[PDB]
Amino acid sequence: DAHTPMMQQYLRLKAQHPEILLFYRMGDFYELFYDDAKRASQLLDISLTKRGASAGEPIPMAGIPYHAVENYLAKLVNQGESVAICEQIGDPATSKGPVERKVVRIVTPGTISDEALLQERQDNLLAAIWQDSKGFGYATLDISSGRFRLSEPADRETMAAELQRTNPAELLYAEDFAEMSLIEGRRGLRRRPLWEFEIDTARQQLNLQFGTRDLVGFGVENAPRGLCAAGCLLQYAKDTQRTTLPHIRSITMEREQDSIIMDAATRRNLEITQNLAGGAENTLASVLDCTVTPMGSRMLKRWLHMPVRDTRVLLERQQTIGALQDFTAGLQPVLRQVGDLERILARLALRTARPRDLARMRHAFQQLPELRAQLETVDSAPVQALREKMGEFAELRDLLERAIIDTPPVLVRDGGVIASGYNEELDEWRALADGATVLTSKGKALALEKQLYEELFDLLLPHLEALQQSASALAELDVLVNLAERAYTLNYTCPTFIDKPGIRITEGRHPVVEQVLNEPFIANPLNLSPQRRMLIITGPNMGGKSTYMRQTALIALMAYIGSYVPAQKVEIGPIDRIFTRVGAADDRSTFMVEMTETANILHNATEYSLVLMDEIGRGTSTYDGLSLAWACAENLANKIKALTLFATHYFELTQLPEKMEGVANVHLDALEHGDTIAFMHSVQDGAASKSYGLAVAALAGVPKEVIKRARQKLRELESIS
Amino acid sequence: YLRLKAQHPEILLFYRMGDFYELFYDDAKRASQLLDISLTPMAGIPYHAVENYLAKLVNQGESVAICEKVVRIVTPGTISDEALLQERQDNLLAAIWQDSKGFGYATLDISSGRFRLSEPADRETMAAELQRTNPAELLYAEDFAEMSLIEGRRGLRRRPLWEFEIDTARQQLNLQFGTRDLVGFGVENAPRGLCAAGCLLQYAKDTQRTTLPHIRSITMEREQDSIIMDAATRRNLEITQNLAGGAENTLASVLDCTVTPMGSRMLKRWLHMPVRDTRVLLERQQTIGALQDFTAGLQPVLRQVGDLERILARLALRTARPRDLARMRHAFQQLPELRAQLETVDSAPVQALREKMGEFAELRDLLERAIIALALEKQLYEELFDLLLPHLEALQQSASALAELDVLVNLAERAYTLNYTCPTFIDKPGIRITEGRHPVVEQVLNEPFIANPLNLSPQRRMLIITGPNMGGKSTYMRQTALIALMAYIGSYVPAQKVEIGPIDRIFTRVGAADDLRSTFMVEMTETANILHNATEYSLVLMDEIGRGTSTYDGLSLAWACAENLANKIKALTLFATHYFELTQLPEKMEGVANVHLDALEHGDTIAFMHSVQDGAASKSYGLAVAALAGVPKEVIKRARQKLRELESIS
Ligand SMILES: Nc1ncnc2c1ncn2[C@@H]1O[C@H](COP(=O)(O)OP(=O)(O)O)[C@@H](O)[C@H]1O
Ligand SMILES: Nc1ncnc2c1ncn2[C@@H]1O[C@H](COP(=O)(O)OP(=O)(O)O)[C@@H](O)[C@H]1O
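Line order of the protein sequences matches chains A and B.
Numbered by the entry's author numbering, the letters in the first sequence go through residues 8 to 444, 513 to 662, 667 to 800 in order.
Numbered by the entry's author numbering, the letters in the second sequence go through residues 17 to 56, 67 to 94, 109 to 412, 520 to 663, 667 to 800 in order.
What the hints contain is simulated information worked out from the structure, not anything from laboratory work.
Among the clues, some could well be false.
[As the list claims (entries may be wrong)] With a straight-line Cα cutoff of 25 Å, these simulated SDA-like cross-link-like pairs (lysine to any residue) come out:
| no. | chain 1 | residue 1 | chain 2 | residue 2 |
| --- | --- | --- | --- | --- |
| 1 | B | 644 | B | 313 |
| 2 | B | 787 | A | 658 |
| 3 | A | 783 | B | 168 |
| 4 | B | 245 | B | 79 |
| 5 | A | 769 | B | 313 |
| 6 | B | 720 | A | 183 |
| 7 | B | 769 | A | 667 |
| 8 | A | 787 | B | 142 |
| 9 | B | 783 | A | 671 |
| 10 | A | 783 | B | 675 |
| 11 | A | 738 | A | 751 |
| 12 | A | 109 | A | 75 |
| 13 | A | 783 | B | 593 |
| 14 | B | 787 | A | 667 |
| 15 | B | 738 | A | 714 |
| 16 | B | 738 | A | 731 |
| 17 | A | 769 | B | 787 |
| 18 | A | 783 | B | 271 |
| 19 | A | 769 | B | 141 |
| 20 | A | 787 | B | 141 |
| 21 | A | 517 | A | 541 |
| 22 | A | 783 | B | 800 |
| 23 | B | 396 | B | 334 |
| 24 | B | 109 | B | 334 |
| 25 | B | 141 | A | 778 |
| 26 | B | 783 | A | 783 |
| 27 | A | 787 | B | 787 |
| 28 | A | 245 | A | 337 |
| 29 | B | 644 | B | 333 |
| 30 | A | 783 | B | 142 |
| 31 | B | 783 | A | 162 |
| 32 | B | 787 | A | 183 |
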């Protein structure tokens with residue numbers, strides 16, 4: 008009663024969502040009040056003012072222009088701040104009371120579909136997490152693509168590997184979640200009510216959204232813990248969008264058995280997309296990525312993060328890439344003009360697509376027939392299958408050309424989007440507007524343009540499933556064409572898959588180093604087999620002991636993304652997990672951090688695992704480090720029976736081949752001719768018994784007695800041993 | 017212009033052509049690359075903003091001549121302008137000349153008038169001198185054989201051979217000083233150094249186009265009269281600059297709350313040149329103890345003094361500005377109150393320092409009368532330079548006392564705040580410390596620093612440091628060296644009591660070197679340097695020594711390095727060694743004693759005690775750390791089996 012009718016309406020609207028900020032449309036500004044005005048002034052840096060106190064109560068107020076809202080939304084999403092958007096639904100002149108305002112959408116870091124808020128080559132994801140005594144249910148939704156996934160990771164360590172791989176911009180969780188260490192520090196962190204994670208409500212909700220009576224159609228019925236998170240995520244997405252989500256037409260279970268399980272730590276060391284420094288330079292992706300479209304880059308980045316294990320999918324991709332290699336020069340320019348179809352289709356599905364997006368959609372439709380013509384000559388069963396999957400949609404292109412001008416404006420607010428004569432009534436209203444060169516006829520024309528603009532979505536709504544299938548094939552083709560182009564330019568050769576685990580490489584060249592090094596990369600062959608599983612690496616510092624191992628792992632990863640390899644020939648055996656340990660500096668004390676990942680390597684690793692221990696035995700006491708690494712390799716080669724490329728400074732771990740089977744010493748050797756040392760960066764058998772250090776002692780010579788005394792001591796140490 | 021450029025063709029020239037000093041041909045190309053000004067060949071920059079571009083070029087070590109006839113040559117060595125000078129870092133100018141007998145190295149601090157000379161015996165000493173001076177500019181002769189030391193230095197200048205003739209130098213140095221014989225400064229018996237001095241004096245004269253009366257003396261820096269720190273040791277102790285190149289977490293950052301930048305520079309010079317004579321140190325300590333009671337009163341008055349030493353040199357060069365004169369008159373106003381506070385103090389050096397500062401009351405009256520139209524003010528300071536010239540020698544003595552007093556007061560304030568106690572000097576070369584506290588970490592760490600005693604003697608010369616990483620294995624040795632260095636600067640020490648023995652050289656080989667000369671080559675180069683130039687009076691701090699890529703290879707080198715350091719060199723050492731095979735040295739070699747910092751393990755928590763004790767931890771914090779975030783119990787058990795095997799075989 009004390010509040011004026013406009014504030015009474017706002018107070019109830021804020022009461023619906025009191026834990027999140029709200030943008031309330033008034034005139035041309037979204038006004039924030041009281042505590043919200045205070046927070047906005049702190050982050051958006053907008054002036055905090057006070058709304059005039061006609062009621063008498065002070066109302067702290069802040070306002071931002073509607074046309075520049077996206078910039079403020081970007082600032083909030085970086086801070087992980089959820090914001091609700093509310094708009095005037097009724098016409099204010101007709102409404103005697105405050106105009107009926109409703110929350111149109113809730114902008115949350117997870118459900119941002121606006122292109123302005125999305126990095127082009129990075130996928131945005133929304134996920135929720137739930138904990139049962141038995142295990143954890145983790146769900147993920149790519150709202151920007153409609154891609155929906157689910158998983159049930161067995162333990163806390165798996166939860167961390169999944170959380171880094173997904174890197175969710177927003178994470179939902181429950182008040183009862185016990186392990187708050189993993190949850191804390193995540194951006195856009197949300198706590199939720201217990202009732203949202205009920206299994207029965209989820210079973211009905213998922214079936215209703217899909218339209219399928221049984222989730223058995225997607226093989227998710229046997230995993231209830233994950234479904235509970237999915238239902239909350241689906242409800243949260245439905246609540247955040249306030250609309251149906253037809254594009255989210257399927258659920259998939261990401262099976263640990265069907266993919267290479269890379270620990271979060273291995274991912275940072277490989278520098279797959281982001282370096283240890285946090286840069287996007289010297290990455291495996293930049294060397295492997297010269298793709299024309301962002302959709303292809305994201306699919307490539309997803310492929311890198313999720314290497315597939317099934318042989319059939321790999322054999323299908325390689326044959327296609329080899330066939331496409333001849334036409335790659337013709338294919339790359341046409342695919343560039345396709346545009347961001349996957350995000351454009353999701354915006355169309357949400358009815359939030361803009362005319363510029365529609366121009367790219369029709370433009371992609373124009374590129375499809377030429378692609379079909381070039382693909383028809385290519386003789387491969389998958390290439391023809393991809394050609395069929397794209398579809399024609401020529402009638403829809405004709406409809407779009409008829410219903411949109413060739414170069415449309417960004418906003419439908421000012422019109423001039425529909426091509427003339429699509430609607431005889433539209434041209435009739437436009438004729439009155441051009442007659443002067513009438514405000515009611517201008518409004519009639521604009522409202523008709525908006526009504527037809529809604530109809531354009533309705534015309535394309537039935538084919539949305541086919542259009543989504545088309546975008547899946549086009550991005551899929553872009554990756555295959557790029558891998559062929561890179562293979563032709565960087566002389567990559569296809570690697571055969573063999574039944575037994577084991578990697579054999581000939582003339583192996585590390586991809587990132589060879590591209591970024593002016594001096595030639597000296598290539599080295601490597602062999603891993605049931606017998607050649609363990610290689611101890613020794614040699615001079617700055618001798619690239621670390622790079623030799625990185626080359627093998629990146630080659631092994633590339634083999635499982637289905638691409639060619641920077642070697643004359645590669646032979647690869649099935650691999651379940653890739654483990655990497657590199658101890659370089661304190662992050667827990669350095670040794671504690673080194674031990675934590677190593678403990679994980681000692682339990683998780685299995686016969687199909689590839690391990691890359693580096694600088695192990697960095698134990699502060701030489702006796703202490705020697706005891707742990709010597710046992711760690713022995714356990715890695717006695718029970719785990721994994722493949723390892725141990726990089727060890729220790730010269731006492733070079734006696735392993737005599738004591739243990741499967742170990743083989745290999746050393747990168749720097750040559751010394753006269754008084755000059757050279758870095759060969761090449762791999763040779765065994766190790767340099769007389770280290771470069773004695774010769775280095777002669778360079779910038781220490782007193783001759785001192786160098787002689789060392790020779791006496793080195794002879795004494797080896798002889799006593 | 018072509019004739020003017022021909023006179024100095026090896027350096028850039030600013031040619032006055034309106035505000036824009038127009039540069040042409042190759043000079044225009046270089047200016048476009050560095051000043052980032054568009055190349056049109068010709069380039070130009072405004073006369074009023076010349077100082078900003080000069081600063082950009084000086085950082086790059088590019089000498090520039092200024093012509094209006110060349111009026112002056114602005115070179116990185118002779119930058120007297122305050123805008124081009126870091127307030128708390130010394131700027132120097134030096135030349136180097138090579139004879140078959142040895143090398144002659146000269147240095148001139150143009151910003152103080154302090155002129156020094158030396159004849160280092162070999163190439164390794166030249167590098168130590170070059171880094172200590174860090175000369176922003178270095179002059180050398182076309183015949184110089186060892187170009188490895190010269191190349192990579194900023195402001196590198198090649199010079200004609202005739203400039204390095206001994207006869208011209210003997211006459212030139214005598215003429216500038218006005219003394220018939222250089223025997224008055226004891227430099228006559230060192231001709232190789234004098235040749236460099238003459239070129240440097242001529243170069244300074246050529247660069248300024250004027251006489252240099254402030255340069256009234258030359259001194260021979262005798263290796264016997266100072267502690268000789270090698271270039272590498274200086275980078276590791278982070279005395280003024282950290283390994284990262286920052287000015288943070290430095291011994292200077294903790295020891296420097298000086299009220300005037302001159303005091304910081306004098307402190308930095310004292311740190312860079314520790315004195316060996318006991319009398320100068322006993323004089324300083326008695327003064328600091330007497331000042332400790334009045335430190336609170338002394339600090340505010342000394343802050344108002346200003347940068348007198350650089351102001352006097354600018355006054356001497358006739359390049360001082362009125363803002364500097366306001367600080368000079370202000371310092372003159374502060375002197376009587378200082379004399380009043382110092383008069384009550386009962387100490388022989390404090391009264392001697394009081395006499396050295398003097399009154400200069402007539403000069404203060406003249407300055408108050410002559411300072412509160521740029522041409523009129525410029526005329527005024529030029530007149531003032533002439534008036535203050537006869538007393539310039541006394542004023543230079545006054546700035547030496549004022550900066551010296553600021554250092555003693557700052558050290559007393561630090562002593563009062565951080566409970567520093569004076570260290571007595573002993574004839575025998577041994578360092579005994581009680582409740583020793585490392586200065587930097589106790590001043591940047593929230594949790595309490597745990598202090599530890601250390602003993603070094605003719606018998607306790609070598610200490611092997613072992614124990615956990617992140618256990619301050621490195622910090623303990625750094626604490627002793629910084630204390631030993633601080634004892635020879637004459638300051639109090641962060642401990643209950645310190646006893647110090649005479650030290651000729653401080654050598655350090657800090658570890659963790661992963662920068663490419668390969669890393670191991672750089673590592674042995676500094677070790678080779680120590681084992682050739684170390685003596686009985688040397689204090690050595692090998693750290694992470696024996697980081698040979700092959701553990702067997704590194705073990706032979708470090709084990710031998712220690713044996714040579716304790717059989718012939720007989721120096722004092724604080725070896726920090728990861729190797730647990732160097733813990734057997736006390737049985738094998740006399741003079742070695744094991745000391746270890748051990749993080750304790752009680753229940754499921756590790757505590758960083760940072761406490762020093764005799765012996766070493768056979769069971770490392772790592773076996774306990776293996777239990778935390780536990781590896782499979784069999785794996786940790788297998789390490790115990792191996793740890794028992796490794797120690798038992800030894
Ligand atoms: N095969 C190679 N051919 C040529 N240069 C190489 C090769 N491998 C490495 N390098 C170079 O040598 C350097 C070695 O650095 P790094 O791999 O960190 O050495 P280490 O692992 O021995 O410490 C690399 O930065 C790279 O420039
Ligand atoms: N007495 C002390 N008590 C607690 N922490 C300390 C103490 N002395 C130093 N530290 C802290 O512990 C750290 C140990 O790391 P670091 O000095 O790199 O180890 P190390 O000297 O073995 O290389 C120091 O950097 C400092 O932050």
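#### Entry: Which numbered hints fail
5, 6, 8, 11, 13, 15, 17, 19, 20, 21, 22, 24, 26, 27, 28 and 32
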